[PDB]
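Asks: Letter by letter, the chains look like this.
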Amino acid sequence: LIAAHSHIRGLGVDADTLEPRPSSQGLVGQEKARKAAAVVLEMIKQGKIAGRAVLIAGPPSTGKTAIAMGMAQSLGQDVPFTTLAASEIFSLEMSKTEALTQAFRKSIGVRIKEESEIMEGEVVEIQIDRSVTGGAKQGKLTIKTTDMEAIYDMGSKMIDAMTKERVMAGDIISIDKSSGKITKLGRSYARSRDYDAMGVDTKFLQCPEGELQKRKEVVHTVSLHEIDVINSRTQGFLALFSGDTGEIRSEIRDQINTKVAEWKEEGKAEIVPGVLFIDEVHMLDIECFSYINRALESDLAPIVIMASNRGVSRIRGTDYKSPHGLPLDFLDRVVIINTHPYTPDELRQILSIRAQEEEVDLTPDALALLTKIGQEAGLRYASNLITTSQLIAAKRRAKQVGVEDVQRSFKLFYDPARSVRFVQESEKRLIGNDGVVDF
Amino acid sequence: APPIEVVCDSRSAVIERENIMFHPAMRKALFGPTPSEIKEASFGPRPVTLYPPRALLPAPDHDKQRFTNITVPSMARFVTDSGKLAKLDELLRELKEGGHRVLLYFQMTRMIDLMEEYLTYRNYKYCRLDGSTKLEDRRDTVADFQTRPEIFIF
Amino acid sequence: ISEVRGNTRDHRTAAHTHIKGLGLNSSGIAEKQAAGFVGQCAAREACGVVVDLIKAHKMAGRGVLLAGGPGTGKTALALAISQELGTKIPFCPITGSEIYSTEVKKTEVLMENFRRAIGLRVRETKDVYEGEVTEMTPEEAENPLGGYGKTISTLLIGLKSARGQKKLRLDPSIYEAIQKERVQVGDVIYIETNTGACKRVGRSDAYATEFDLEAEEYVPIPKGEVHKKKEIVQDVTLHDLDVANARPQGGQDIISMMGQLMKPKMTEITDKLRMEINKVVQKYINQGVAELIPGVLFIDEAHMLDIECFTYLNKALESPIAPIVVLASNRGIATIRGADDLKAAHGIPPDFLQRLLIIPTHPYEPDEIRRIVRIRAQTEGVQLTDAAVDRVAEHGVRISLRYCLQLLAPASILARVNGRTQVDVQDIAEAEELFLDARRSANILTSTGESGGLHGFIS
Amino acid sequence: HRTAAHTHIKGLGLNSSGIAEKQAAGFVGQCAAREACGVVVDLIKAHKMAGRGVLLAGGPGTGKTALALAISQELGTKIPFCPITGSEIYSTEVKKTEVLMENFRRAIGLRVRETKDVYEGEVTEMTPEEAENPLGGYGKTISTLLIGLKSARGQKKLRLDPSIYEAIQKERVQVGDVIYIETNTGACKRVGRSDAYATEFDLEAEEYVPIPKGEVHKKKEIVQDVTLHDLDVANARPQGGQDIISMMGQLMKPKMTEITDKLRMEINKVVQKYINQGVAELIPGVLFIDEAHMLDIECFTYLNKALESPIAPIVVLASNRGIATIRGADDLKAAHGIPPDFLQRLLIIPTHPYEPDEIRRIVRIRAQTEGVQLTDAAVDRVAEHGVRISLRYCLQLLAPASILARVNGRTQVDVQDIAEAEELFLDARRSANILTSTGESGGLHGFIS
Amino acid sequence: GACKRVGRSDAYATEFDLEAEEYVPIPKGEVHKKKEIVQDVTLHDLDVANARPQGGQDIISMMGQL
Amino acid sequence: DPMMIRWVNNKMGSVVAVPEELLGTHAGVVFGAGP
Ligand SMILES: Nc1ncnc2c1ncn2[C@@H]1O[C@H](COP(=O)(O)OP(=O)(O)O)[C@@H](O)[C@H]1O
Ligand SMILES: Nc1ncnc2c1ncn2[C@@H]1O[C@H](COP(=O)(O)OP(=O)(O)O)[C@@H](O)[C@H]1O
Ligand SMILES: Nc1ncnc2c1ncn2[C@@H]1O[C@H](COP(=O)(O)OP(=O)(O)O)[C@@H](O)[C@H]1O
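Protein chains in written order, with this note's numbering: chain A, 1 to 439; chain B, 1001 to 1154; chain C, 2001 to 2459; chain D, 3001 to 3449; chain E, 4001 to 4066; chain F, 5001 to 5035.
Among the hints, a few may not be true.
To be verified - Not the full set, but computed from the structure, chain F residues with beta-carbon under 8 Å of chain C: (1) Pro5002; (2) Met5003; (3) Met5004; (4) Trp5007; (5) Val5015; (6) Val5016; (7) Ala5017; (8) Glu5020; (9) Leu5023; (10) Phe5031; (11) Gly5032; (12) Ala5033; (13) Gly5034; (14) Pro5035.
Derived from the structure by calculation, the hints contain no laboratory data. Using N, Cα and C, we set each Cβ at its ideal position, and we do this for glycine too.
Whole structure, please, built from the sequences with the hints as guidance.
Replies: See below:
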């Protein structure tokens, strides 16, 4: 569907000069922060430099998450990109520091390569020997391509997969020999006229040619957190999905770091360093910063990019204030990129992009009035007015939206600048910090 | 480590240890039925139940190393710890797929051994002749290689 | 067994019983005194626009605030939206004081309620053979295998439903079902099509007297078809998919037979699981099998969420698959619960408040309280004279709205105890002194309750 | 091959007489701290240590943890070094004093010789022999086996307990599987089908290995590096043997528990029994607690009794705080956050700020470490930023200025690239100035105060 | 209905020579001793014994964690 | 073959063989042997 960051298709800079284009790939209307984020993106794609800190500071509704999603769309589905929010760390299951350690180790991909052995061909006969009331199984599978005619054997798991798949005579199946999955591709004969509970006639494929035992080289990418969970527990796997991981001791991490270094040297694995994005870091207390400053000290730390909103705020868990709510022993390590509020000739084209994304057609008078509203209430009210005016124009059966639809939507739904006045007018029928009356 | 036990010097302590720390009801319930019980339940005239109706051990979720901690080197790291061996692997795969038959010569019989392994892993048929190989055995081996084309490397 | 009572099948009167919908025109303009509401024009028009946004499937993570004082109709508009959307679109009305748990972090119950608010409709087919077994007769093969005894090529089963019976030829590898499940003559089974392994439901009811004491469940004959080719619509919320992938329901071992045997614990769900489920649901939509239907997460009393929750709500609303979030706040300048620093409007932080389409809610006129009294009175069935309506409206204007809607039940009780059928002025003037409001209670509390003594309150 | 923040540090760079020579092996200057760290290192490598307190004071950005990595690369690989923080010990399963003691016993190592007794054979005949089983509910029970192992030189035909049979049975050992019964626990890992049953027409993807050469009853010695905390975890949650506590104890989820005083004393007596047999060697180590001011008073209370032990590693505390308030009780202020009673144990090492030429040397070393070559005017510009703004701000203006240099086709970094990267990427001070100046009033284009 | 094996009697002591039992003498009293005991139970012990299985057949409690 | 029941499925049809030693047992009640 159409979320609030679906129009963005990357960061929109040059590849040779990385100059900020004034209108390219959604992120339209800002030049300094997009150029600096392009430099950060290039030193992430280099992968050499480890353990930095980028702080995208600025007023709200200025496109900070938009720049973050622009870097996310620009890396593709290769490099990990954790979209961590700062309130998720405060768990009750695990400690507050170990949640940060997992959040760092989720953003270091390990890309390994392994050889599987796939089969191909037409099943000629199945032969299954079963015991009575519990016991082992025996299996002989005769399979034929256009060239070879093999009679393979089977174990218990292969028969448990065959009966799960219901592989009859005359099926084009492909068995991965290593993993042990069975995917029926279709049939070569037709459906028999002797049995009732047979099934559905599948796709008509011919007999495959070539060889039986073919080899394949697959590439598997796991984060370090998955390696930590599968090597921290004897039988309790799958806890890396259902979040049941209590604590991983340090003896496990100091062995997995060494084994990943050995896999890096052997040419088995490759370390792909990633991005940890922390949205609204001002909610973390000082007990988190006293670990974040020291986890950025090793070869396995991701390049942290994080946002903020606040001016001189007080740091949680303390008694004193600081710029951005972050301590001044942590603000030495970071590098702060500022963002600026917008200009109306940029708000016009941003609302034009948001209107063309949600498939809404406009008139220039309505767009001028909409820009006039967006000057005084931000983009977050104007985009909602776009969608609302689309549906009100759909209610009265109009092709394009007009001035009257925007005025209707402005009359119905208040911007916060009028809701503050609505609070400040009737203070006697709203619960403040005190009592309230009823007429 | 094994779990801590109690050194109490009565017979009852030993009986309670072998009835709690081992407790054969749970072991029978976990691993499954005795094959004698399977025979008396599957040759009888009427169907009868089993107190472990199937093996209630959970399936381990890691195929190569289940329920232990005892690992061993990996022929993988073997074939890559030697640059020659790594390059021989590529070449033997291509040779095999071509239907070529190889004499493969070494200056060290210790290496002949290491390799012998590797060939077992990649499951190629081979013979061996070295200075340890007795004379009529020599005749025999060479004759094989020459009689029976299944053998890929000598 | 269970004896059926032939009584009256009535219903109970809640506080929002009379609400039956928004009551709009065909153009969106509200109309007063329609479908339960009285007045409140602009709020009902805006909620109609919200309902249109929900049914148009263009909402993908919006947010709607309901301001206004207590006792003015925010929850009434919420139930009006929930009854306007219907039943086949989800609606999860949590409160603010329901995210605080003791098994998980409080920024996780929010995400599970998002997943409760999203529905998924799946249309599939069901092909089963069905009914009571009459025969299990084998058939000898044409070419028996040498070295063995019997060699059976096709196994015949006669299945008899409650409408018609049918002979069935089957592949012989149904035997492993029949020996393991102990299927005999007179046991209803179902045979599926994708695998074909029959599973016994139970002994039929016609054979419930061949023996005397040997009893189990005696299920009846399947009163339906013998060859179901029936299609099924199936509604699963994404919360159910998260739970069934995180904690599997039915396993065959010891420890998963202790997991369903011990108490189910809410556990936090890693984000890779949710990302994978979204990536696969968005694939099955593109195949054209499953329909995504977003719903409403009406978080009532939104000023109980502290500042650690709105930070997670910003992330959760920026997701590409999210329902609408209809908040409900009835505070003015309030201190946010988490950070005791900033006094913000509505209890909402100023960063989060920009996302919200703020719908106002105004107090009621002193000639609309009596119309609400008339509608509430004809809802409960309590009928009453016009001077009684004017007195209840007097108490409604001068004291409260929720208090004049609660002088109808004791007045009706005293009316049908005194010996009448309708409520007069005397019954309300008598019931106004058995049930004091908050105002006269505070007057007694301050005036008579002077200080802490013997016959005094405990301040 | 990733240049972290601490890559150029390769040691303290000391002379033979223990005198720190400046600009050697990564450091620049900092004499009185590196000589004291060399004294600490030779205090570690002499084993007359049962708990000594070494504090590393000094402001932020002066290289407190650079000395810690220098110590950890000066001790070597075979000496334990446990670095933690002050925020790491606030757990949710155990009390934090348990986490302190677990780190203290992570920081003590032991080197043990062991003699494993493998039975490495190929299974020939596997036949169970059940015993009498009267009416007791569970039914029959296998009590004796006759597994025949077949090595290359001399087979053997041995008889087993029920428990080692269950160890076999949870490994799915058929006839033909080579195994290696470990007669220390009882464990037995199947290796694969023997090559006498080899067939290329196969589907199970088994690993075919040849018959194990040598005697079937081998006996081999190895050397193992085990800390005392590993022994604590081993005796606490048992995961060895073939009984029920040590089998149902590896299907549950693992939880950190509170290893009490009695186990921590009994394992000390067991290790002393190992040392008296001439087998094991004890090697004590370092607990480096960075950011010690985050520890509250309930931890500095327990460090007294944790250091009074006859076996306790040397503690190295780091604390970049001046006169500050202790986290536990908010009514006594002290230097560094350390309480005034615990501070007397510590041998306090100061750390002094830098100079406008030492910053130039550190910038030059960091540039030739990362791989960014540049000109001397650019080095003077970065040193000017280092004097004015911060030390670890001007080091971070080299990584964009390389990339921007590669934008303009250059190789070395000139004045223009740093003059552009000082405008794209800002520090904290000018950002706070822009914050205070522009953020005048809260509203639409303001900041949330 | 509570039973305890005290040991092996000393008349069958030297049957073999290094058996491992606790050889105790035959009791030089009655075989049927009849005594009466007054004994108290608190209701909380009834509550605990009716809620959860206690002590006797509660063998899964040797794990300890949950 | 003692206690194992064979199932073979070819292009013509699919049949199930039962060993003679199991026809007297309770396993042959489905196959039409029985006790
Ligand atoms: N430069 C921009 N280009 C495109 N869209 C933008 C830009 N700036 C803001 N927006 C839109 O405005 C909305 C607010 O941006 P966001 O980053 O969420 O603000 P904040 O940083 O305050 O959270 C986003 O939905 C985004 O689509
Ligand atoms: N427009 C209306 N028409 C009829 N009844 C109303 C209307 N608005 C409010 N009510 C009644 O007022 C009562 C209290 O309103 P309520 O929904 O509790 O206010 P809030 O939403 O602030 O909690 C409800 O029982 C509802 O029946
Ligand atoms: N003597 C030195 N030589 C080289 N670099 C130094 C020296 N002292 C400090 N640094 C640099 O200072 C940076 C931060 O030092 P660090 O120890 O983290 O400061 P703190 O003492 O505040 O923890 C490191 O990247 C390191 O390169």
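Asks: If a hint holds in the structure, say so; if it does not, say that too.
Replies: Consistency of the hints with the structure:
1. Annotation: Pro5002 (chain F) was flagged as interfacial toward chain C, and the flag is violated, the nearest CB pair being 12 Å apart, outside 8 Å.
2. With its C-beta approaching chain C no nearer than about 12 Å, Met5003 (chain F) sits outside the 8 Å limit, and its interface hint is violated.
3. Annotation: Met5004 (chain F) was flagged as interfacial toward chain C, and the flag is violated, the nearest CB pair being 11 Å apart, outside 8 Å.
4. Hint on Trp5007 (chain F) holds. Least Cβ distance to chain C is approximately 5 Å, under the 8 Å limit.
5. With a least beta-carbon distance of about 5 Å to chain C, the hint placing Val5015 (chain F) at the interface is held under the 8 Å criterion.
6. Hint on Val5016 (chain F) holds. Least Cβ distance to chain C is approximately 4 Å, under the 8 Å limit.
7. With a cut of 8 Å, the hint placing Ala5017 (chain F) at the interface with chain C holds, because the nearest CB-to-CB distance is about 4 Å.
8. Residue-level restraint check for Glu5020 (chain F) holds (minimum Cβ-Cβ distance to chain C is 4 Å; threshold 8 Å).
9. At its closest, the beta carbon of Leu5023 (chain F) sits 5 Å from a beta carbon of chain C; the interface hint therefore holds under the 8 Å criterion.
10. Because the closest C-beta pair between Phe5031 (chain F) and chain C is about 5 Å apart, less than 8 Å, the hint holds.
11. For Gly5032 (chain F), the interface hint holds, the least distance from its beta-carbon to any beta-carbon of chain C being 5 Å, beneath 8 Å.
12. The beta carbon of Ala5033 (chain F) is positioned within 8 Å of a beta carbon in chain C (closest approach about 6 Å), and the interface hint is therefore held.
13. A distance limit of 8 Å between C-beta atoms decides the matter here; for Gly5034 (chain F) the minimum to chain C is near 11 Å, and the interface restraint is violated.
14. Proximity of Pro5035 (chain F) to chain C is violated relative to the hint, the smallest CB-CB distance being about 14 Å (cut-off 8 Å).
Checked against the numbered hints above, the structure breaks hints 1, 2, 3, 13 and 14 and satisfies the rest.
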